[PDB]
Amino acid sequence: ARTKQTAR
Amino acid sequence: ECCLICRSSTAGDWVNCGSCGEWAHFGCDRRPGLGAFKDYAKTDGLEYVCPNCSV
Ligand SMILES: [Zn+2]
Ligand SMILES: [Zn+2]
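From first to last, the protein sequence lines are chains P and A. Just so we're aligned, residue 1 is where the first sequence starts under PDB author numbering, counting upward by one. Just so we're aligned, residue 675 is where the second sequence starts under PDB author numbering, counting upward by one.
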C-alpha cells in the first residue's frame with residue numbers, strides 16, 4: 001500500500 | 675488530512691486506502707488478520723482497504 005510515517 | 679478512523683492527525687504509521695484514498699493510522703485499525711505495517715510499507719506490499727470500503 002501507499003504509506004507514510006509521521007512525527008509532526 | 676486526518677485519520678479516517680480516529681479523525682486526528684497525530685504522529686504514527688499511516689496507510690492509505692486503495693479504494694477511497696483516505697488515510698488511517700495503521701494502529702487504529704484493529705481488524706483480525708491485518709498483520710503488520712511492515713507488510714504494507716514495502717514495495718509490492720499488501721494493499722490496504724479501510725473497514726468501510728472492505729464490505
Ligand atoms: Zn487514527
Ligand atoms: Zn476506504
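Any given hint could turn out to be false.
Claimed, not checked - Reference excerpt, derived from the structure (chain A facing chain P, CB under 8 Å, subset only):
1) 718
2) 720
3) 725
Unchecked claim - List of simulated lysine to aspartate or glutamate pairs, EDC-like, C-alpha gap at most 20 Å:
4) A:716 x A:687
5) P:4 x A:696
6) P:4 x A:713
7) P:4 x A:687
8) P:4 x A:703
9) P:4 x A:718
10) P:4 x A:721
Rather than coming from a laboratory, the hints here were simulated on the basis of the structure. By construction, the Cβ of each residue, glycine as well, lies at the ideal position given by its N, Cα and C atoms.
Does residue 713 (chain A) lie within 20 Å of residue 4 (chain P) when you go C-alpha to C-alpha?
Holds. Residue 4 (chain P) to residue 713 (chain A) sits at ~13 Å (cutoff 20 Å).
Straight-line alpha-carbon gap residue 4 (chain P) to residue 696 (chain A), limit 20 Å
Given that 20 Å is the threshold and the Cα spacing comes to 13 Å, the pair holds.
Interface hint outcome for residue 720 (chain A) [beta carbon to chain P under 8 Å]:
holds, 6 Å
Given a cut of 8 Å on the nearest C-beta pair, is the interface hint for residue 718 (chain A) held or broken against chain P?
Violated: closest Cβ of chain P sits about 10 Å from residue 718 (chain A), beyond 8 Å.
Going straight from one Cα to the other, do residue 4 (chain P) and residue 721 (chain A) come out at no more than 20 Å?
holds, 14 Å
Restraint satisfaction for residue 725 (chain A) [CB to CB of chain P, less than 8 Å]:
This hint is violated: residue 725 (chain A) lies away from chain P, its Cβ roughly 14 Å from the closest one there, beyond 8 Å.
Compare the distance between the alpha carbons of residue 4 (chain P) and residue 687 (chain A) with 20 Å, and conclude whether the hinted pair is satisfied.
holds, 6 Å
Is residue 4 (chain P) within 20 Å of residue 703 (chain A), Cα to Cα?
This hinted pair holds, its Cα atoms lying about 15 Å apart.
Given the hinted pair residue 716 (chain A) and residue 687 (chain A), is their Cα-Cα distance within 20 Å?
holds, 13 Å
Checking one constraint from the list: CA of residue 4 (chain P) to CA of residue 718 (chain A), max 20 Å. Satisfied?
holds, 15 Å
Of the numbered hints given earlier, the model fails hints 1 and 3; all others are met.
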